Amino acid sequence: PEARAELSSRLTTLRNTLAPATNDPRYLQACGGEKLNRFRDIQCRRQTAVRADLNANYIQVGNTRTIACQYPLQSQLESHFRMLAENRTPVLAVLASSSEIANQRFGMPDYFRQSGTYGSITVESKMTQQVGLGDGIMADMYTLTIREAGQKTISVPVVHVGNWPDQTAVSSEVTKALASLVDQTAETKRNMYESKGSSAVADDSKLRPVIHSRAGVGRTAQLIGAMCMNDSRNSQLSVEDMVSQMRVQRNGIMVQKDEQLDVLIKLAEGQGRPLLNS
């Protein structure tokens, strides 16, 4: 608890440092009245913004590269599909529940479980498998095929965790299981691009996991820290570096609740990974 006590003081000073001021030059700003941010206080670092009209961030913790973003507002589903397709997305992991998506006061379009046209893009959706992850959590798998005229059709694998509640932490075991299922999905898809000579394969602002929830700072950040602890390449990287990297690169809220951080602390503990630096 002492080590845990010190990890929290350090992470809590950083949250306060990073709190967005009014017209903060560190955070990406809304343009010309179109709304950017689904929650006015969950801002996007401008230095790592993926595009100018999405609250979306390139993240890199250690060697593990991903894109973390909020749930697109309606205004944004054409750009959100544009980003999915230009990234040659190897896997989209969607962590907002069906209840959340279904409740229309929440403004969460059900963009991937049905077909649609969104400006010049047309997307087709198809349910393929349903994997159980443990403790009752379930992933339903979809394939989104994204087509826009005069452009190369792209197809994205979707893992949707249908029943993970906002503000909660699923267990170490559902997390471990989830992180593996999203990395393996990513891998089959990346190996498909590589057998075809994709130029995306060279480029390291492409072929990144896109993970989001609602705000994309809680359930999104707990999955991301477990994907990062799963790469042998991220040896000795403490939990304090990992959360600090996530927060300097998107916003200081990443790993929002203390229950989500404790799941990352027990996964650390079991690998014999450090909490604190030095």
Contents of the next structure:
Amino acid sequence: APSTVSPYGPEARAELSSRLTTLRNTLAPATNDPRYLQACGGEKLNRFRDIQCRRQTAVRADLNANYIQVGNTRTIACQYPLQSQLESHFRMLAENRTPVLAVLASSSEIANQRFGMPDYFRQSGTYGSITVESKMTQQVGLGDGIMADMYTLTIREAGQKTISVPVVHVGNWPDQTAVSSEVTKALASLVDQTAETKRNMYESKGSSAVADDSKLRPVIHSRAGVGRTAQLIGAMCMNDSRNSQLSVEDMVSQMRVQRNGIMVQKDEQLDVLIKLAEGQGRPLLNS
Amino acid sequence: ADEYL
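The structure above corresponds to the form solved without the partner chain; please give the structure of the form solved in complex with the partner chain next.
Whole complex next, starting from this chain.
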């Protein structure tokens, strides 16, 4: 333990947000910032002007996604793909041999036609040269009424391997909100058991993706991919038995430095992370 | 072609 003679007390929290805020400002994107991936081709890259994508971590040049790795946990966080990116979005999930895709965008959001959030996983379709196919499977409750619906996408493109992708869709998580630690924990555990089952199938078949640290990474995205996406990722991180001693300061800082200083937007979301870390004897601060 | 299906 650092030196606060009360790890999860108030002073300890005040200090945590102090360091976090200082980092958010330091990471604040500037016009034509060399650290953040810029928009090329005249096309729209970022869904939000203020929610940028880091440069040296972006998956592909035309998408707002990042290769984030907190401690020993390797995942990929992105924004809800714009229609003009869906074709590229799918090629990433395939090349990645995605063991689990988690969508934390509410059904209501995908519904509102103004938000421009394509319903690309609940229905089948054709996007350019890619031919996807959705299929409904299980439906698991996570408590507090929050529920997850599962689908199985099948990205098929001529001259490429056909990839099946397990999808966990949580449609009752409002925007700018934060589900209780209970739900969150139960949620992180389902994603892990989903990717674990799929990754096994890949190993069994001898795929060469098991030898690449840039593949087989769970892909997660909400709407902007910095709030609800962060809380889930922070929980997955702690759901790992190899990330012992990794503090909350490390979790958040690494997320922000590998994507943008917005990860874990609201405070009600950081708190869910603090409470989970508090029940494991996990440190909040460093040094 | 459907190696992993």
